[PDB]
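The chain below stands alone and is given in structure tokens; this is the form solved without the partner chain.
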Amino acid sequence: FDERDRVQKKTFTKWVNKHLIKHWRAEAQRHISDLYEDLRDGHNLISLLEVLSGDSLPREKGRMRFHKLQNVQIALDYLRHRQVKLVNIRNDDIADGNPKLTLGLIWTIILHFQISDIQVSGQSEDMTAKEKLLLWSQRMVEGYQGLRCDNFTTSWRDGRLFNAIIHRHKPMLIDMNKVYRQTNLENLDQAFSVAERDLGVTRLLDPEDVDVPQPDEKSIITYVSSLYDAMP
């Protein structure tokens, strides 16, 4: 048991749910309760992809295993036709609720549709999307006294970076002096509540899951990438 897999699942669940409610068809606006059950018939996975891309996709409405395997295949074929690299995931794995491969698939979707469009001044061309986001993060908190961004895990635990990023962007929203004397939990909660109320950024993370010696990397990157998106 690694608690980061729990956090990751929660974060991806909130991410998927944020998208499904934006669907234009009212019957597609569903809510994931358990990420390892509610994608098994492929319907929410096809809906997710319709919202992220703006395309319509075909789907089967029958209820046998054959229909679920096919809905999943439609989704994975869609992704393949957009040159996403899906390796070692087959339709049965998703239809059957395999935890690790379901998490792998959603990460693949987040990476392809949200993270891999990032553009930062000072970009090398051999830089990875992750590297570009870390560079963006480092540039955003450059003026600020105690602060370093070394990674997407431990650097973020104390909530100061999240606050500093939002401050840089709109100094009105954040009292930095106060950040320097508040606890981790207070700083995290303050940054997440401001980002949601004032920037439109869905709360993907709970402070209790970030204030931990080894936070889940993909969850942090997903949230940080969602802040980047909220800044013109």
The other form holds:
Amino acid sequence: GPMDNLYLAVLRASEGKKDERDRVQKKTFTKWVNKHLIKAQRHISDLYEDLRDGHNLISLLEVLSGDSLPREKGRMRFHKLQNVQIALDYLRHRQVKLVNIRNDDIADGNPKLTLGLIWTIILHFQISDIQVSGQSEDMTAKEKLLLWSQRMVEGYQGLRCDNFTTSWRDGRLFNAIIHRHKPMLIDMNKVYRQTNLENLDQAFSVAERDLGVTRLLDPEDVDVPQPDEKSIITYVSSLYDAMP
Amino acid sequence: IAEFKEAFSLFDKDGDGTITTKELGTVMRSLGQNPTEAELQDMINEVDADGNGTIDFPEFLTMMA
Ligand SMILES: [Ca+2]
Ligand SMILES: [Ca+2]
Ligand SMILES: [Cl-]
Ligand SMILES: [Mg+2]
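Alternate state requested, the form deposited with the partner chain bound (shown: the form solved without the partner chain):
Now the complete complex, all chains and molecules, led by this one.
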């Protein structure tokens, strides 16, 4: 009879790809959350453990919004579920879509839905803000950020911004955007002659040191055939935020 | 669905909408496995509904359902 061996090979390859995506997003989102939690004297070590009881999520939302949220002080699983729900309800009231993200999943440390929760928070508070000169009417925020990126790198020889994945892998785009903003910070001759990892490392270093932009991304995770789109968008948005 | 299409594209190296034994073996070797030619053909045959020797996306979908 049938033995499912192709199915198992597809499962192995597919799970490998999804696990790698989760791993890279986990790093990005942990660093992003910590950029804000530090303002509340809090810090995440493990994104799949340290949001389970709801307290860091509530604090994250308080920092991002400037609002005061309710908070359960009880220590049992009942209270953790309630506590997480406080954060979800805050977001739902603000029309934030949280498809399939339940208080149980966050309290259980579910990787996909915990990552998904931070992504919707990043989208709502940071990425959704953008407006760009030249933007069309029903352009999404993502589309506006892509347009902004495209405008910033016009005039640079051989650079293309077609997407938020492969276009960014070799680090040239990140350097060109910083150079457009403050040309004294970037030697484009070096950029054109350097390896992908050198370019990525340098762009991230300059943006942190000189523009105050948190290094969210590790060069080794970006210099790959298919960079993580959510991770790229989060960081590019952060570059935009630092460039008035 | 998009998830299944991403998974299919992991195997469909030349993007011709079909997976061959060579494409299958390529992925499996990239994941540390070392299947034989006969093993590869057996794997494809099992879900090769129309018998043409390769797996297209509809056959892939049937398998993964
Ligand atoms: Ca093919
Ligand atoms: Ca077939
Ligand atoms: Cl729910
Ligand atoms: Mg529940």
